[PDB]
Amino acid sequence: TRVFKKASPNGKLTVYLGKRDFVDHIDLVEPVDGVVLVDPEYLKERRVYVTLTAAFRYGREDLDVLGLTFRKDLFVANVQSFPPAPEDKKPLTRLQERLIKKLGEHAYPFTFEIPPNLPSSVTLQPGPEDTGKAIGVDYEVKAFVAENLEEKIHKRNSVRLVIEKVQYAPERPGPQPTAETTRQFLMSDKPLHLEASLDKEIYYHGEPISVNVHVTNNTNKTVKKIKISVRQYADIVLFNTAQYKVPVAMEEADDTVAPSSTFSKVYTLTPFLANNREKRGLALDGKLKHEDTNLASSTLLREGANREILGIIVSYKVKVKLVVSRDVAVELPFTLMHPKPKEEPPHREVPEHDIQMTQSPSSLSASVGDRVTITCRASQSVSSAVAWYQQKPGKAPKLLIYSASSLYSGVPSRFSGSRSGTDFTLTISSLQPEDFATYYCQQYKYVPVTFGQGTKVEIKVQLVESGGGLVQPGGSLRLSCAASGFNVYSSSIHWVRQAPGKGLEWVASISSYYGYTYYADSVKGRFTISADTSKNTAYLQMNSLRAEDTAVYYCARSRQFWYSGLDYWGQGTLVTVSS
Amino acid sequence: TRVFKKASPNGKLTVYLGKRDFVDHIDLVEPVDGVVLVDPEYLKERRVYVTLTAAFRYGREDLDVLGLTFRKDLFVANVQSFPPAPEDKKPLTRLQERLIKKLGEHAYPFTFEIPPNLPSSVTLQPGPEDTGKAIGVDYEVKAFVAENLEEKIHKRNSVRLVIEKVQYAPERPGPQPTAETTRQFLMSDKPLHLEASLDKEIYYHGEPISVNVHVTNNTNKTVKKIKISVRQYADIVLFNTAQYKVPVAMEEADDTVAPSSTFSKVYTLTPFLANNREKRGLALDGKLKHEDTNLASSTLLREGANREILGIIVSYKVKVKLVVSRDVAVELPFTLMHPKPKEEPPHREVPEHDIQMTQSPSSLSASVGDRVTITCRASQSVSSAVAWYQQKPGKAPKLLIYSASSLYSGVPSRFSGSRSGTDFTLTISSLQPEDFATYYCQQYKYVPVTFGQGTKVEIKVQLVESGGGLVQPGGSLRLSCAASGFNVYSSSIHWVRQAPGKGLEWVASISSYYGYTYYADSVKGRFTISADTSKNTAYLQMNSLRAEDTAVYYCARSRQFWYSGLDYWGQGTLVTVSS
Amino acid sequence: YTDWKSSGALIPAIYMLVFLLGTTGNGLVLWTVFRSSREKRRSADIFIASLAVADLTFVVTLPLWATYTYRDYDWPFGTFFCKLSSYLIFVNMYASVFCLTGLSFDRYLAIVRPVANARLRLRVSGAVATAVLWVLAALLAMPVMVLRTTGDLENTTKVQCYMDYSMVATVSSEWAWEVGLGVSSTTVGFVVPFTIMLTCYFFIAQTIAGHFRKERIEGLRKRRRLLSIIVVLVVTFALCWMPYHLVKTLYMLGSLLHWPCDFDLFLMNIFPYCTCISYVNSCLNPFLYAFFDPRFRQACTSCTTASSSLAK
Amino acid sequence: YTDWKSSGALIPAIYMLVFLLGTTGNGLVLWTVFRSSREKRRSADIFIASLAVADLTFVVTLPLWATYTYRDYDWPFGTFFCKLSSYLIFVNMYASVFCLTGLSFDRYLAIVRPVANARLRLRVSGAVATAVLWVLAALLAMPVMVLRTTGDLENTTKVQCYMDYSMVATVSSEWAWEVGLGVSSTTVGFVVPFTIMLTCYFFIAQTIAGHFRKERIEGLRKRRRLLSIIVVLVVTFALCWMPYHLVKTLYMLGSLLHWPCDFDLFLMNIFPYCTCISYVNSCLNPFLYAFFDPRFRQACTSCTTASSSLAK
Ligand SMILES: COc1cccc(OC)c1-n1c(NS(=O)(=O)[C@@H](C)[C@@H](O)c2ncc(C)cn2)nnc1-c1cccc(C)n1
Ligand SMILES: COc1cccc(OC)c1-n1c(NS(=O)(=O)[C@@H](C)[C@@H](O)c2ncc(C)cn2)nnc1-c1cccc(C)n1
Ligand SMILES: CC(C)CCC[C@@H](C)[C@H]1CC[C@H]2[C@@H]3CC=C4C[C@@H](O)CC[C@]4(C)[C@H]3CC[C@]12C
Ligand SMILES: CC(C)CCC[C@@H](C)[C@H]1CC[C@H]2[C@@H]3CC=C4C[C@@H](O)CC[C@]4(C)[C@H]3CC[C@]12C
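Line by line, the protein sequences give chains R, W, E and H.
Just so we're aligned, residue 1 is where the first sequence starts under my numbering, counting upward by one.
Just so we're aligned, residue 1001 is where the second sequence starts under my numbering, counting upward by one.
Just so we're aligned, residue 2001 is where the third sequence starts under my numbering, counting upward by one.
Just so we're aligned, residue 3001 is where the fourth sequence starts under my numbering, counting upward by one.
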């Protein structure tokens, strides 16, 4: 495993931090643990103070009248790293002593504690053209060296690290919310009763929200349109406590609920960034600097303990409205945020907007029980973002591991990955008959996803693809891969190809949630990709085909959020494009 | 020995030309010889016509008004490639036959002949902000494929390679110019007689012109200033046969020539592009596309048989003017252009705006009778732009081979170089007794200049670098390189350093002619370099000294035009930046 | 009424001085707005542009009235030009006060309540604000264009440009119309805009004081400077626009309040000095709203995160 | 003398129609120039901008003369506005013809002699030409301003705006100054500028005819269209500025030609018609100069050398 490092303009002051994203619970949060190098010869009489600048910016840019910086301080805890005054005596984290083992005593530690009630890092959407800086709350660990605290900060002697604070879905479930409001019109023989509800209270970004609406339209007056709106209650308690809003998920069905009728329907609304990419003031989750991130995650305040939490408190609620021909609406609360991810999320656009591997020789000969380390010299630093694939010849690829780390669930222990420098490796202890299959090393950090050159041993809930029948050496083909059990917005359906009797190659990719598409230079603009929420389908339209386009094509699915390699591959399709 | 290649976007229409430039000697020019690959399938029945597009653009921009492109054809001849014309019956040049020896018979040849009288490739200086396309005469071999000449041309099925035409200075010298203009004054008994002359008739770009103004003043009227002007007669003989002029160099000496005086002092004037970069309308030697190219070279006609040459002829004059206090001026014609270069000039900024080398031997035993394959790998392509150098004990570097193949004059024949891929090598068949030195390989393609790692075998005109003395551990130190015997505008001067017992490392560089300077990343902006012409001396101010600055600094010269590695090395001074 | 002998000579000179100063300053400020044209800063630059246009056109028709007072109150130009000059003067009065109020409101929204300022579409709201501002100013000054004419009486035959309210049932309503139009103008061009501006600036002052509560020793000095600019802005507006509206409402009140005619003489001959005092703000504004905002002045004048090893 | 009854009703109609068309078109062309202006770094766009300003200001003062003709030739405005409107009209006449001539000369320098066009500083020369053009136009129109006045009740109180050549020169020069000013105005505003324009365009036409000799089919048609547009420009200048100057010089020669004195009254009634014919140039000027140039229309809406191995 690895550890997060940041430097300073001097380069002497190096800050070591563990998992960048921190979990805050309804009672207490994870203490901040870190270390920083120090140079006593340069540190004649200064002192290296590290502090938790947890501050809320509520003014676009700054100094609007040349001196007005609208950045309040929600919390700051300062501590001198060296000499640590014998006043806290807080035993070092195993991580900290590990860093000492890596660096030495000059790497002095520091442990921070956050108050139980503080805002979760969230940033409001600047908009199509705002640039500047995002209005929102943000945490930053800042370490600077000075003989006294009041001294002016120094451009060279200072380090800033944008830490993020997040809340993950509680392990327990929650009661399904309910909403009932009875409205009487001019006719009140049986006043209209609203019987809307919601399937589950805790949801993750992308999982379709199945708004279940049922009503008895006894009253004569009819309703034309039912408006369903997963709306973001952003409670911006900054000076003037307010509840600015903006709808994320919007749906206008045509369900005209005629009178003396019982209407009942379930509508699937998936709140994703792309469909609301421009609604200024949308609260998104923590940004390190500028990257695209999911919508703001619901915060879990202490029940019945509303301290009037300054900053942004984000909650999400389904507004269901019936529009009378000549407007009965109610609200449903729900909590939306990620699960507890074993892998600490990488806060980048994981396949960020080339690389090539060199896998060990394909003639690795080994019998049963003969352990072997299949190596692979990589082109560059993939940063432990590598997956090994038990590509069994004639059958679909199989994920062995994510991120050159613990194995993908259910993959037995016989496999194990070793990442070193700009090269990786996977070892196997005992070669059970199944281990008589081809192996591949794969990188998922930079588009295009780049696999290994393959290695075959020598012993001596569905994915359906429509399209085939080799044809059109220069025409156009529509191959449609559909996944019966994977939310389109919850995953990125990748499109790879293995050249005829050759290695695997990535071609196309779709990111539903973010609503952005990725292509391969090997096909560049020739290949189009798309997917629809209709029936969990993803169409791939190859254009101006070629003999070189002869290949075998596979789709796949990657967890949309914190893209962790490839964990499901399609049945494949041998398309040797011909007449 | 390489050869020039160009191709169409298709990738099959590949033009190969022996050498981009040609000499238009008085009698004729060198015929343009080249070859083109062909595919009769892709060329179903369309043929590759290759033509010499000798044109003259005479209007700025591309289309000032719709349908008005300001270009005139000064010559075009066409050849049909495949099958070859049965009537041409012109024996192939050697180079084409060698191309067949490496390429296929589908490499159909072509030979072009230019008329004796045509303009030399020249382009008028666009200006600080002119954009568009510089107007001038330009040749461009164009090969396009069609069934007939009138048939529409295809943007892809077309190769347009700019060929330059130049006139190098005649081998022999010529008659120096004179000037004798006589004007009377009040005392008309002895009217002023002008005896201004010039040193020589042939100059190369940079060689300072020692204007020898000798005048006998006896009339009372004295003149205040003396104006020496190297001016560029641009004889634009297109349509209106004008004679637009621009002064390249303007020396202004305050010689208040008074009655009863005879000033014959010679004043030096060196034309160069830097101090005339903005004089719109200055003619310059042909650019490939945009590369910074020196001034226009004096075109030579045929003893005045001026067939109203429909191009920008250029001829240079030295006007000497004396301005009466209460203006007598005369002209001196001279011809300025390069010598005959054995290596065909590289028509680019040779150290164009990282590439590191590695040398294998370092220390490999070899007594007399062993050829040392001193090999080297390069990060990227250097294109036979490496110069081999050796360091005899405690002495300055010496150049063994230039152009990576050529042989610096005087140097014995035991040395021999070999290009291969992005790697090169040197060999010494018979190790002459003075073979006990360490060897490097100075690449000169991309700034910074990165040399070899040193290879010391086992045996088992002047340059004044003044300003030594280990002092100033962090201050600014000035070192003076007086390179007597090399015009500053005639040579780019280089500053390098060698770490204790290590290889050589480049530091800084100044090219006076272009009036522009290059610095090394290792010293970036810390180091300053500037050459003054007065003493022909380069001052290097190494600023903000450091212990890292402890090394041996060395000075070098390089032919300013067609920069060929380093040809002269200075004494070198061991500087140990310290108190 | 006994017009002052001094006034006849004093008013034209100061009118010319205001013409020169205001027109050249507004030319400079509009020149800045044109030259910058980066579509980069001053999200509400259109408000200052509209204020500059209103101010320039407010002083541009001034020389005609300077001649009017130098001509012993004998309008030489046509009926159309009396109408147009008066209409421009009143439209520009209202648009100047409106643009000042709207700019104060924009600053309030972008300082005290910055959350909404960042949220909302600023540029389009500002453009619509300017459009409605100008349309409302034109519709408020329409009556002083439809009810203005020339030529009254007197063997002098001096053509006099004046608001002839007598067009609408003069016998039925002369003081009625005078007071009604005067009160409407002074209560929908000054009282409402001025109170809006003053409340906006009071909240701004409170919140800037709170923001600079502690900051630093430099910070409280900057707070002093910011409070200073706020006070100077509101008080220059006050000093300029109080004499005019105050004497105007006093005169309108004298109709039903049996004012002392003798002192009503004083009111009559002091009013022109009040109108030039009103013009003082028009003259001075470019030297505050553009000068103290150095955008106009400029127009005229790190390592990186890294990973390593967690060796067990 | 008898002014035509038809003329009185007709002339203001053409005047107002020209006002609308020319003002709208010049506003549009200036709007286009401002949309881009500096960024494109154009060279001769300054001349188009100056000409658009000239035409716009040419039509702007026109409605005053429209009411002058509708008022049975009564100038209701002041002496100052008679002076200013006449001076603006004449400055704009001269600047319009001058900018057309300068545009023609710029095109000639940039087509027939493109070498010098590339050589010289187009921006500096163009800006200095524009400055001197405007200064010379102002100085040419200064005498009409200094000699334009108002009065002449003529027993009808019909106040009239006219040139009072008796203002400066004594009665001894009664027709002499009329003759001098008219002849000078023509010979330095039309004859010389028109000669420059016509010779420049003749050389342009000759050179384009020679230049487009090559090619086939399409190229010849493009050359034909270019000659057609040159002809349209020069002939729409002639048809418009010929009647005005021609009748002006004919009535001028009537001083020493003693016309039949009925053709003379005919000239007197047609001269305003020649004035609107002259205005036709400014009216149609945008829809030609901006229309033809694609820049206004736009505003409205590979391998690489390589080296190898010469195996010996
Ligand atoms: C002196 O004033 C004018 C002089 C010349 C032209 C005028 O107008 C275009 C105005 N004038 C007017 N005339 S008036 O309306 O006839 C006004 C005279 C009449 O009502 C009145 N008699 C007495 C009292 C006490 C109050 N009021 N009213 N306002 C303005 C105005 C003009 C410029 C700037 C400002 C702020 N104000
Ligand atoms: C009718 O014309 C005018 C009417 C109204 C205002 C005028 O001026 C601003 C002009 N006018 C003037 N007046 S005039 O000079 O008194 C002119 C009337 C007098 O001389 C004259 N009577 C008769 C004959 C035959 C010759 N000459 N001269 N030119 C212009 C002018 C105006 C616009 C456009 C053009 C091309 N021209
Ligand atoms: C003193 C009296 C006699 C002068 C009369 C002058 C009148 C007739 C003139 C002066 C200026 C003119 C106006 C100037 C501008 C416009 C705007 C345009 O969209 C419609 C025409 C209109 C509205 C003109 C109509 C006529 C007009 C009002
Ligand atoms: C019929 C008679 C009484 C009308 C008299 C009006 C005259 C005197 C007025 C009307 C417009 C005025 C001019 C308007 C603009 C300017 C430009 C400025 O730089 C100097 C003052 C000057 C030149 C003004 C002076 C006075 C002026 C010429």
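These are calculated hints, taken from the structure and not from any lab test.
C-beta atoms are modelled at their ideal positions from N, C-alpha and C, and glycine is treated no differently.
Don't take each hint at face value.
Unchecked claim - 20 Å max Cα-Cα, derived DMTMM-like pairs, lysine to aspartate or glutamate:
#: 1; chain 1: E; residue 1: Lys2222; chain 2: R; residue 2: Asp33
#: 2; chain 1: E; residue 1: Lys2222; chain 2: R; residue 2: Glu105
#: 3; chain 1: H; residue 1: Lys3214; chain 2: W; residue 2: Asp1033
#: 4; chain 1: H; residue 1: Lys3222; chain 2: H; residue 2: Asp3164
#: 5; chain 1: E; residue 1: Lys2040; chain 2: R; residue 2: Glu61
#: 6; chain 1: H; residue 1: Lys3312; chain 2: W; residue 2: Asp1033
#: 7; chain 1: E; residue 1: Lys2312; chain 2: R; residue 2: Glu105
#: 8; chain 1: W; residue 1: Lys1319; chain 2: W; residue 2: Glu1505
#: 9; chain 1: R; residue 1: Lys12; chain 2: W; residue 2: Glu1548
#: 10; chain 1: E; residue 1: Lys2040; chain 2: R; residue 2: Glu105
#: 11; chain 1: E; residue 1: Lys2040; chain 2: H; residue 2: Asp3293
#: 12; chain 1: H; residue 1: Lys3158; chain 2: H; residue 2: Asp3072
#: 13; chain 1: H; residue 1: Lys3214; chain 2: W; residue 2: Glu1548
#: 14; chain 1: W; residue 1: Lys1395; chain 2: W; residue 2: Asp1567
#: 15; chain 1: W; residue 1: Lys1392; chain 2: W; residue 2: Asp1435
#: 16; chain 1: R; residue 1: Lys5; chain 2: R; residue 2: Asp27
#: 17; chain 1: W; residue 1: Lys1392; chain 2: W; residue 2: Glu1505
What the hints assert, rightly or not - If you only want the chain E side, here are some residues facing chain R, beta carbon under 8 Å, derived:
#: 18; residue: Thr2057
#: 19; residue: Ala2110
#: 20; residue: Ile2111
As the list claims (entries may be wrong) - A short list of chain H residues far from chain E (calculated; beta carbon distances all over 10 Å):
#: 21; residue: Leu3010
#: 22; residue: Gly3027
#: 23; residue: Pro3076
#: 24; residue: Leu3136
#: 25; residue: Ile3204
#: 26; residue: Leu3220
#: 27; residue: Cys3261
#: 28; residue: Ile3270
#: 29; residue: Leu3310
Do the hints match the structure? See the list:
no.: 1; hint: E:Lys2222 to R:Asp33; verdict: violated (38 Å)
no.: 2; hint: E:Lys2222 to R:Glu105; verdict: violated (45 Å)
no.: 3; hint: H:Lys3214 to W:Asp1033; verdict: violated (30 Å)
no.: 4; hint: H:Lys3222 to H:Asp3164; verdict: violated (53 Å)
no.: 5; hint: E:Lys2040 to R:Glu61; verdict: holds (13 Å)
no.: 6; hint: H:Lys3312 to W:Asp1033; verdict: holds (17 Å)
no.: 7; hint: E:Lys2312 to R:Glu105; verdict: holds (17 Å)
no.: 8; hint: W:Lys1319 to W:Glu1505; verdict: violated (45 Å)
no.: 9; hint: R:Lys12 to W:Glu1548; verdict: holds (17 Å)
no.: 10; hint: E:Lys2040 to R:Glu105; verdict: violated (50 Å)
no.: 11; hint: E:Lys2040 to H:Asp3293; verdict: violated (30 Å)
no.: 12; hint: H:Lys3158 to H:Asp3072; verdict: holds (8 Å)
no.: 13; hint: H:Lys3214 to W:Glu1548; verdict: violated (68 Å)
no.: 14; hint: W:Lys1395 to W:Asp1567; verdict: holds (15 Å)
no.: 15; hint: W:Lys1392 to W:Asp1435; verdict: holds (8 Å)
no.: 16; hint: R:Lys5 to R:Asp27; verdict: violated (29 Å)
no.: 17; hint: W:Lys1392 to W:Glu1505; verdict: holds (17 Å)
no.: 18; hint: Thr2057; verdict: violated (28 Å)
no.: 19; hint: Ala2110; verdict: holds (6 Å)
no.: 20; hint: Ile2111; verdict: holds (7 Å)
no.: 21; hint: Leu3010; verdict: holds (22 Å)
no.: 22; hint: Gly3027; verdict: holds (16 Å)
no.: 23; hint: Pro3076; verdict: violated (4 Å)
no.: 24; hint: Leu3136; verdict: holds (24 Å)
no.: 25; hint: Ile3204; verdict: holds (35 Å)
no.: 26; hint: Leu3220; verdict: holds (44 Å)
no.: 27; hint: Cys3261; verdict: holds (36 Å)
no.: 28; hint: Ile3270; verdict: holds (29 Å)
no.: 29; hint: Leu3310; verdict: holds (47 Å)
Hint compliance for this structure: hints 1, 2, 3, 4, 8, 10, 11, 13, 16, 18, 23 are broken, all remaining hints hold.
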